[PDB]
Amino acid sequence: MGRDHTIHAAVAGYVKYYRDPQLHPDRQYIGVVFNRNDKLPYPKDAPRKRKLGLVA
Amino acid sequence: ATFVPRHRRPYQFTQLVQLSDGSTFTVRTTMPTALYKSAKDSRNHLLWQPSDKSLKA
Amino acid sequence: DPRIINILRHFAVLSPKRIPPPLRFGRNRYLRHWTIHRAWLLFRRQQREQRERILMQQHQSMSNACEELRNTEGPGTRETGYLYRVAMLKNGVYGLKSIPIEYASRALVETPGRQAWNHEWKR
Amino acid sequence: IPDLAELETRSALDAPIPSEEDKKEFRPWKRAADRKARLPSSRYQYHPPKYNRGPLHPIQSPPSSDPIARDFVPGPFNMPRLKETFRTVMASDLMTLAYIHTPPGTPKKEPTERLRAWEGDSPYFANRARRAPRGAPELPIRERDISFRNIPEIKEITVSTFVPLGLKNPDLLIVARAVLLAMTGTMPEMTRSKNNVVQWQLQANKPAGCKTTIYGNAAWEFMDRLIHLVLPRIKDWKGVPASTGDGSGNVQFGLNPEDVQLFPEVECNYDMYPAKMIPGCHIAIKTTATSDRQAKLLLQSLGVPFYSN
Amino acid sequence: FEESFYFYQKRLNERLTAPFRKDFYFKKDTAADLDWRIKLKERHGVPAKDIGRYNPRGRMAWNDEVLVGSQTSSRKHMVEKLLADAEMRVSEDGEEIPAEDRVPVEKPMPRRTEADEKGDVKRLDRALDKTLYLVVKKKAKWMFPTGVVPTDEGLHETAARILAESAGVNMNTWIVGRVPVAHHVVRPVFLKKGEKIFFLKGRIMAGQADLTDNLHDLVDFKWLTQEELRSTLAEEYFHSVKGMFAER
Amino acid sequence: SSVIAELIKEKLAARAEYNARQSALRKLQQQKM
Amino acid sequence: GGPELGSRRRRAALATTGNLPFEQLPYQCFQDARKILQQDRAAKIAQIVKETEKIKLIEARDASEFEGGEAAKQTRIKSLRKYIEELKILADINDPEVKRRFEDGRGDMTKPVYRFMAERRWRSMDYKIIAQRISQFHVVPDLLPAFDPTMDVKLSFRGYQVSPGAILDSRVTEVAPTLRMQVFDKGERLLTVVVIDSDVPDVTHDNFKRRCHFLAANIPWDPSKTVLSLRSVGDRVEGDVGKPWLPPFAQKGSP
Amino acid sequence: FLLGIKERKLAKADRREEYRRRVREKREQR
RNA sequence: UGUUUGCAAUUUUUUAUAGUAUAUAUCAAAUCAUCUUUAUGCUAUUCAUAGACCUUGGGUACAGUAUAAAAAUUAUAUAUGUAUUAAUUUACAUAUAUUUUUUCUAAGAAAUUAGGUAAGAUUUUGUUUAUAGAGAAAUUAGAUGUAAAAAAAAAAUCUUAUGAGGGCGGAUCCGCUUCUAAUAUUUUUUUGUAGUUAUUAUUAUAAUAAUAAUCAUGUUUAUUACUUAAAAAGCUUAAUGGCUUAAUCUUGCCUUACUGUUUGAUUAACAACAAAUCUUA
Ligand SMILES: NC(=O)c1ccc[n+]([C@@H]2O[C@H](COP(=O)([O-])OP(=O)(O)OC[C@H]3O[C@@H](n4cnc5c(N)ncnc54)[C@H](O)[C@@H]3O)[C@@H](O)[C@H]2O)c1
Ligand SMILES: [K+]
Ligand SMILES: [K+]
Ligand SMILES: [K+]
Ligand SMILES: [Mg+2]
Ligand SMILES: [Mg+2]
Ligand SMILES: [Mg+2]
Ligand SMILES: [Mg+2]
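Chains as they are written, first to last, in the entry's author numbering: chain A, 113 to 168; chain B, 48 to 103, 110; chain C, 248 to 370; chain D, 44 to 352; chain E, 107 to 245, 253 to 303, 311 to 368; chain F, 248 to 280; chain G, 83 to 337; chain H, 337 to 366.
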């Protein structure tokens, strides 16, 4: 989130508009997933899906 | 950082309070007097002793 | 002004920089206070559980009486539970003359007075 | 028994009490004088910090019950005769006086949600905000019956004094702070004004009074002297008003400036305060009661007459 | 342990409470100030009279605890010191009063009165630290004032009448309430009619019982303690009223 | 203070030794600076 | 007057004072409070004997008698057994020497009393930190779905204690570290140690892979053991080394 | 500071003892 | 000898010994200004010592019901009386400043100071009940409820998995795929709901059943978790949106309100350009 409350992308992925009732009951979030077919919010018990983002 | 405040309490004594009825009991006070005699108290008042007759156009 | 200085002197001695410092005990000394503190609270537990036991026993004595009274019949030609319904009325219980002041004003004392009890009291 | 085997064999709580021969030779005053030297200090040197910097800070603070702690207050010094009276003679009378019988197989009463919700077939009722507290804007606390598990008792007392003329004569606030210091035995905290009134010459955000708060035994002792030594001496006193009560179990009432100097603590040193500077006070009794009538019944048990007005 | 704990805590307060300023209570060069300094000097500077001799400061402040078998912690010693200090030691002119001329203060009354020594069960000042119970004999078995409940009166209105008819009206009493605190049920004999006695707690503030011209066939009375009741009342009659008892 | 004098001397030696090392090392830093 | 007796103050205090047990010091408030705890411990022990004999009556009782059968018989003894364990701790929780012996590290960890205070101390400062590391470093849900530590584990490299989640030099982390474990339950069990590096960069697939740097199983451990050197796992202590210690490393550029 | 007052106090004690001694010799001579 | 004087008690580290990495002690730093004369003085008593009732003195006291044996001890200048000296040298006492032990005129009684960071607190507005002086209007104290011994087991419906490197087509790529695990969901099939204290009833103080209470080894001012509509208060200034799980408030330490360059955006800023805005390394 920016200084003026602007939501940017931190990684190369696909935008998602969802609600996470576990984190906060009355909030709506925006996220970026690496796979277009992913579904947010991820289950709290699933491993973090992260990309390397490095070149050898 | 939450400050931990210390208690600032003055010196206290142990006083004997002798009521008008002659009864005594110890209390914790700040006055240095050791014995405090009370000539007027609940044991010598009509509002607290309505049935008592001695005090009683 | 001179009298007011006697007051400021009373607050100056109570300043945080003037009051005595926090205690500093050794081990054997710290442990001795640890037992005096561990025992005092236990003593309170015994006095509490005892004080709370009597309250439970006194309460269970009323529940048994009221429950029985709720099933009784009479006296005479009176439906069952009359005395119970009349015993649960709170007429004047929360008024001004609810509790007599002559009883509530008399508190405990370390030693009695010149005349412990008054046997010559007349209506 | 194997269970008893799992207990500490070297039990110190089972040792014999000290003897007289060993007690006669235990002279702490002689040890220091005979040593003729300073004993080396211990290597364990941990002192409570001056600030609490978090639950994970390396240096942690001990509880208030630790004597070395900065918040340690010496425990009780005596048993107030008023708390012993209540728990001995009156605790059972209030339970016996106010008592309602419940059948043996009475089902538990489930509390009703005081913030209602919209229920119906209208599609709009789904995500509607909870309705407002019916009647008053703030919800009042519900009364709890006086049973053997809920005996109303005194918790704390707040003695506050308001001195508006202290803004012009700063000496009126210093005296007020000293009166409440001896009357209660604590260090009063100065209070400030919160409103401006040109007619009353009142300015906001300026020290115009003080207050104290006593808990535990200190409260029972204040009531002991207040009820049995101060109020009986007030001239032409009728009693505490029957209207006192915030609807939650706290009784409030005030004393005149001529009734505050009747306190044994103030009359002993009356010649030490300047003249016409002993102020009144707003004595607020905070009890464990949950109603306005349960509080009056509690004070009636302690010998507090209430006059109808 | 309570006395040892109080005394132990009184000295811990000496180490944490601000010192005592005599200037705030005693004016310099006065009968009270001189009387205070003389007595303070005898206590070795300790402004308190119930903690013995202990200096919270100095090189000997650590030695605050007292050894076993000490008299300083007893209540008798505390009251003795406070009474020996309440006597004026300096006349109004500032001159010390002789030792033989000092007027001792009136000492408190003894906890055990003459009734405790005499053992008079008909006295209400006996066992001042315990709760007494009024037991009356009926022409014989000891019991409490009891009577039949008529159809017009209730339980509380009947108990008030029986008490006045049995123990007289010279007692300042107060019936706690309408709720009964105990009941003794004597089952019937299938014949004889059973009895469902319902007791109402009462409290006496002043006066004395009077059995003269009583309506019921009463002979004697006595104020007994909870321990003496079981030795007087019957087993079944005591087991039903013991729940109403208190701590003391 | 018969046997305590030996322990006191051990405590004094431990202090006088450190005070020497601290002054012997502080001097080295003043030479490097 | 050697170091085997304690610090200087003890050796100094043990030469100018009289020989007398700590609990026999003639102090008024200390001996009046010790008697309150004395006659209390005797009541707790009298209760343990009363509850132990009650289980025998229930044990020697046909399950058919119980309206709930054998299912309702075990739930009743379970509550009784758990009630006795609490009485075994309350009988010594007030002992002043049990606290001294525990703080000095000379406590017998085979008794429920010392294992209770040992865990109560661990759950005060050490658990809150390890619990934080598991969350901030995302060890969960990465490695495991949910994890609540139940024992203490302090690892030191070449005799140097390392703080939880502290960057160590590639040369310091070259020899098998010593695990200072501590269990808080009774009995002896077999432990399994695993060291996993969950940040190995896989540039071919653009993701991270986990790599095991150490693995050992069948390590007997009891609440009396404290030190375990991962260097000698099959030589001195019993155990099967699945994979010897691999020196941790990280290629330049990766986090 | 404390031992300073100690040494300076014991020093004054010797001076007071020297005065007490010398003055005593004169009283005996008279 | 910093750290409370009766004895291995916080964290890390130094050094040394034993030891084959560990164990003990020691040292340093962090947390904290606890004040420390072992008596030199005082007190009591007694014995000398002056004579119209004095100075200065020597003894005695035996300390847990602690004690006379420290309830708080400094220096210096001037000057006087006693007294002493080679001397305003010494001792004593007053005459009175002046300094140290900070221990005596309340900053924890005083400012609305607004940013970085960390920790702590979480309805502060209004409405409302009550409250000496006190009134339409001054201060203070209040204004939701619940939980805190403890579960176990069977199947099913999905959804997930960097689970079994599953299988089959084309280890980790993809669509189909069974199994296992986890979260969630069924009103689901249930089983269990004790123990402790006490009461009542039966049975021979104990057992069994029922009823009631039960967060409690803990300074009851308990504490902790959850809950308490909306509006309002507060957040530099109008209005709008937002924040209560922090963007508010309190406190500690600070001054990134930094230097250079640079990424990707504002569906290619303002329907161009420029002055701009947010963000990255
Ligand atoms: N305090 C607890 O740990 C605890 C535990 C369970 C229940 N409760 C409940 O909390 C409420 C109060 O608990 P409580 O009865 O244990 O408190 P309490 O009355 O014993 O303690 C209150 C205050 O009184 C003091 N006090 C206690 N005994 C004293 C005595 N003999 N002489 C002088 N002062 C004394 C205490 O030290 C404290 O300051 C009750 O409802 C009780 O049932 C308390
Ligand atoms: K208690
Ligand atoms: K609200
Ligand atoms: K800040
Ligand atoms: Mg408000
Ligand atoms: Mg008004
Ligand atoms: Mg801000
Ligand atoms: Mg454009």
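What the hints contain is simulated information worked out from the structure, not anything from laboratory work.
Virtual Cβ for every residue (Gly too), placed ideally from N, Cα, C.
It cannot be assumed that every hint is accurate.
[Said to hold, decoys possible] Quick look at which bits of chain G chain C covers, simulated, 3 or more residues with Cβ under 8 Å:
hint, region
1, 105-113
2, 118-131
3, 178-186
[Claimed, not checked] Chain F side only, calculated, beta carbon under 8 Å to chain G, not exhaustive:
hint, residue
4, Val250
5, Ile251
6, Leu254
7, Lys256
We went through each hint and held it up to the structure:
Only when three residues or more bring their CB closer than 8 Å to a CB of chain C does the claim for the region 105-113 of chain G stand; here the count is 4, and the claim holds. Proximity of the region 118-131 of chain G to chain C, defined as three or more residues with a beta carbon under 8 Å from a beta carbon of that chain, is established by the 3 residues found. Counting residues of the region 178-186 of chain G whose C-beta lies closer than 8 Å to any C-beta of chain C gives 3; at least three are required, and the coverage claim holds. With a cut of 8 Å, the hint placing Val250 of chain F at the interface with chain G holds, because the nearest CB-to-CB distance is about 5 Å.
Taking 8 Å as the C-beta cut-off, the interface hint given for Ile251 of chain F holds, the closest approach to chain G being about 5 Å. Satisfaction of the interface hint for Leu254 of chain F is found here, the shortest Cβ-Cβ separation to chain G being roughly 5 Å, below the 8 Å cut-off. Against a cut-off of 8 Å between C-beta atoms, the interface hint on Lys256 of chain F is violated, since the closest Cβ of chain G lies about 11 Å away.
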